[PDB]
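Student: Okay, here's what each chain looks like letter by letter:
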Amino acid sequence: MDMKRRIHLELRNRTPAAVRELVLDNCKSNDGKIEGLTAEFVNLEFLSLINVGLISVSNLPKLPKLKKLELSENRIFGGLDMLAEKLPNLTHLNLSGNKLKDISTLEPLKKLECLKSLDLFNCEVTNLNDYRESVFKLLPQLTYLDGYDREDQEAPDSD
Amino acid sequence: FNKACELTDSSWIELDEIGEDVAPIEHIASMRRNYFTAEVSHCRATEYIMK
Amino acid sequence: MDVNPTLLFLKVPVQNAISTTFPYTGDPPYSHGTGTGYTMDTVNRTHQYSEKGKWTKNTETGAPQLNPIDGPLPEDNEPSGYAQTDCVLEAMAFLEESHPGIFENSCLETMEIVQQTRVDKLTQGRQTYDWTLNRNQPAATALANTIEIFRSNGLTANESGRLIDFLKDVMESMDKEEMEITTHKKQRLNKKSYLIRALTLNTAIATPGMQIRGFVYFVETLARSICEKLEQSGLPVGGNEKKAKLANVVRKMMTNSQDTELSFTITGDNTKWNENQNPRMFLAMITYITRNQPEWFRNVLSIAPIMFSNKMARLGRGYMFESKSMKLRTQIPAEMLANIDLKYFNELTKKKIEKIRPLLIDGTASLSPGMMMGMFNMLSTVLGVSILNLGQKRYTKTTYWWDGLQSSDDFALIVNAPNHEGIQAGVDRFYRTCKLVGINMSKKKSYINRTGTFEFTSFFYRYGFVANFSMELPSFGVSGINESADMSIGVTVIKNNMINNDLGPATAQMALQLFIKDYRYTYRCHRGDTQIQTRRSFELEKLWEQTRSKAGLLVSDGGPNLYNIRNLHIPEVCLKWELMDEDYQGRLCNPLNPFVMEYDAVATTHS
Amino acid sequence: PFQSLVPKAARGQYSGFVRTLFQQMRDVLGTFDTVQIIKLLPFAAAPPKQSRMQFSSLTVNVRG
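Protein chains in written order, with the deposited numbering: chain G, 1 to 159; chain D, 411 to 461; chain E, 1 to 184, 208 to 226, 240 to 632, 655 to 665; chain F, 579 to 642.
Worth flagging that the hints you see were computed from the coordinates, not collected in a lab. Don't take each hint at face value.
[Stated by the list, open to error] Once the Cα atoms are required to be at most 30 Å apart in a straight line, the calculated DSBU-like pairs of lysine-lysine come out as:
1) E:391 with E:379
2) F:627 with G:116
3) F:627 with E:11
4) D:413 with F:617
5) E:578 with F:617
6) G:137 with F:586
7) E:57 with E:387
8) D:413 with E:379
9) G:33 with G:86
10) D:413 with G:111
11) E:479 with E:288
12) F:627 with E:586
13) E:391 with E:429
14) D:461 with E:578
15) G:116 with D:413
16) D:461 with F:617
Pulled out of the complex, with its shape left as it was, chain G reads as follows:
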């Protein structure tokens, strides 16, 4: 079941304007891009693209209200500049298990105003020295990187 199918399977005869949390993981990508979602999704605030073979997020929809996006287990190697404009209100991003290999790749996220968490587990960029410090200086608004704030104090629950 590719995205276009499961989306409708998850649409559940409920109009796109009335979805607030959509879960689409392990499904597929057309070739390496999200296909099936459309801008009519306006009430969505939790999209989970986990394990969907995804080579980029170029053709992502426009979700004003998105706040909890997660692209873990995919193979994004850049092109995150789109997420800034297309998800102005995103405040919880989960890029774990992807193919990011440089701090430069995370430069585009600097212009997201309301960012609160960035999970970056199992990514080749996490093997660097002064990794967390460099990330926290490139993304000053961040207050939880990988789960801990600044002194390795776990992020409080109920987020």
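Take the given structure of chain G and dock chains D, E and F to it, following the hints.
Tutor: Chains D, E and F in isolation, oriented as in the chain G frame:
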């Protein structure tokens, strides 16, 4: 090596005391040693040492 | 970031952060080079470097012997042991001329030393080969066994106690027609077998037997007495004093080296030092040092080279064969290398065995051509200094003149000249004059750079600053004798280590901290305040409660440490004297105990 | 002078902590212990920094 050169949230080496520092050379030695021990007490290299 | 510690050298000169490049401070947990392979290879190499010599057969031992002295002059920039007797004698004559009376005074001092030294001085050493067991045992055991066997065979002059009498007994033993060795086993060795057993080295990768050591000691005593008078030599000294010599030499060659005279320093290293020095040449130079001297002195001093030049070598433990299709692990002793079929071994080992087989006698391998490491270390330095003395500008009769430092296979040569061609010619005269005496400079371990920076036996000199990294950090742990002795030893270690092997104040203090930690953790004597709960805590707690002057308690009585740099030479019980409670003083140092440089300390209840 | 002994790395995080505690003695009427004030007062003389840690022991360096 990159991860072995990083700080941690712990204090792995707990050294003991030394006599008072009277001689100026003693003061310089104590200053160097204290700065170093502060910079290396919390570290993953010390974790490997103690483990 | 990707951390690259070497990149630190982009900011700090290398000689400043040179310590970074030394991996270990301690003996590594691995064995680098040893065994039958690395001994057979050394034998083959020593014979290869002298292959154009004269082959003879030793009448007594009955083993082939290679004599390269006065052999063909070298023709390529490769090691050669063909030392020329005329060249060595001329070099030593010039050394005597430039330092009048040096040989005479050294000979007189050594002669005085010979007639006094006791046999006990022969047990203050390291492992030694027992000709009575074909094994290695500490010096005292070897000496005792040799003396017992000598007495059992009728030789008893060693009872006098003088070392020279023991040497006379050794020489007499070498003449006996049969030696009877009875071990705590009854065995008899004919003249040839015992002679081989006394002319053998076991596996510094080789240790001489007990017969050789007696004469080696006197020869090296003469060598030390000679070296102490040569400013060029740097072997007999150590620590801060050595750091002087470096500066001194750089001062000598730069006094007025400013009138365009280009100065250049060669940081060098002699390739295969031990495998080119020829004991025949050491005899040729000892016969020159001991001229116009009592015949007995010359005879006693000429017997170490004589015994080396006929020396044999035991290959080693042997090889280990592993069959991975049968899961078998067998061992082949070295004695069977003379007949075992040459199919098991690999190609390189097969070639080694084939090349060494002609030299195998009675399981050993004749090693006449060259010396072995660790022996005649201070007599080799004299030859090197003599070579360094041939650049005095009265012996070159030219415009380039060299003079430097050498420490037995480590040297730094300063080659002042008026222009670059002068430097390139004064380096060639040294590299060629130094090949005639069998010394081979290593071209792949040296380098020449303008004066003001070099390296000499790990004493890195840079523009007047000398960094001393020759010696390693000593073990900063409890000795393990008792509570009182360990504190006295451990503190003294740090003190005399700071004095001799340059140790920083801060690192000294941290070493003291680590020592105190180990001390308190071995003998459970943690501080009274500290909450560690051991079996000895309760008693230490109560004693803490009832002492008003808690500062006076010994570190072993759950008290506070008081040792800083300024008071590392003061014993504990005398440092913490005024601070003790009179009753505590009486209790600790009561002569009614039921309990009671090294360990210099006061006696207390802890012993 | 007391601030010289306290570790630099955690010199500030203590202050905040201690400061917060003292505020909770001025807001919760009826709670006031002199011993706690005289114990933790010198630890609160550095630029405070905020953290979510619950300190069990404030460390001070004497003679190494």
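Student: None of the hints should be skipped; say for each whether it holds.
Tutor: To see whether the hints hold, each was checked on the structure:
no.: 1; hint: E:391 with E:379; verdict: holds (15 Å)
no.: 2; hint: F:627 with G:116; verdict: holds (20 Å)
no.: 3; hint: F:627 with E:11; verdict: violated (35 Å)
no.: 4; hint: D:413 with F:617; verdict: violated (39 Å)
no.: 5; hint: E:578 with F:617; verdict: holds (27 Å)
no.: 6; hint: G:137 with F:586; verdict: holds (22 Å)
no.: 7; hint: E:57 with E:387; verdict: holds (24 Å)
no.: 8; hint: D:413 with E:379; verdict: violated (50 Å)
no.: 9; hint: G:33 with G:86; verdict: holds (15 Å)
no.: 10; hint: D:413 with G:111; verdict: holds (29 Å)
no.: 11; hint: E:479 with E:288; verdict: holds (26 Å)
no.: 12; hint: F:627 with E:586; verdict: violated (38 Å)
no.: 13; hint: E:391 with E:429; verdict: violated (46 Å)
no.: 14; hint: D:461 with E:578; verdict: violated (34 Å)
no.: 15; hint: G:116 with D:413; verdict: holds (25 Å)
no.: 16; hint: D:461 with F:617; verdict: violated (36 Å)
When held up to the earlier numbered hints, the structure conflicts with 3, 4, 8, 12, 13, 14, 16 and fits the remainder.
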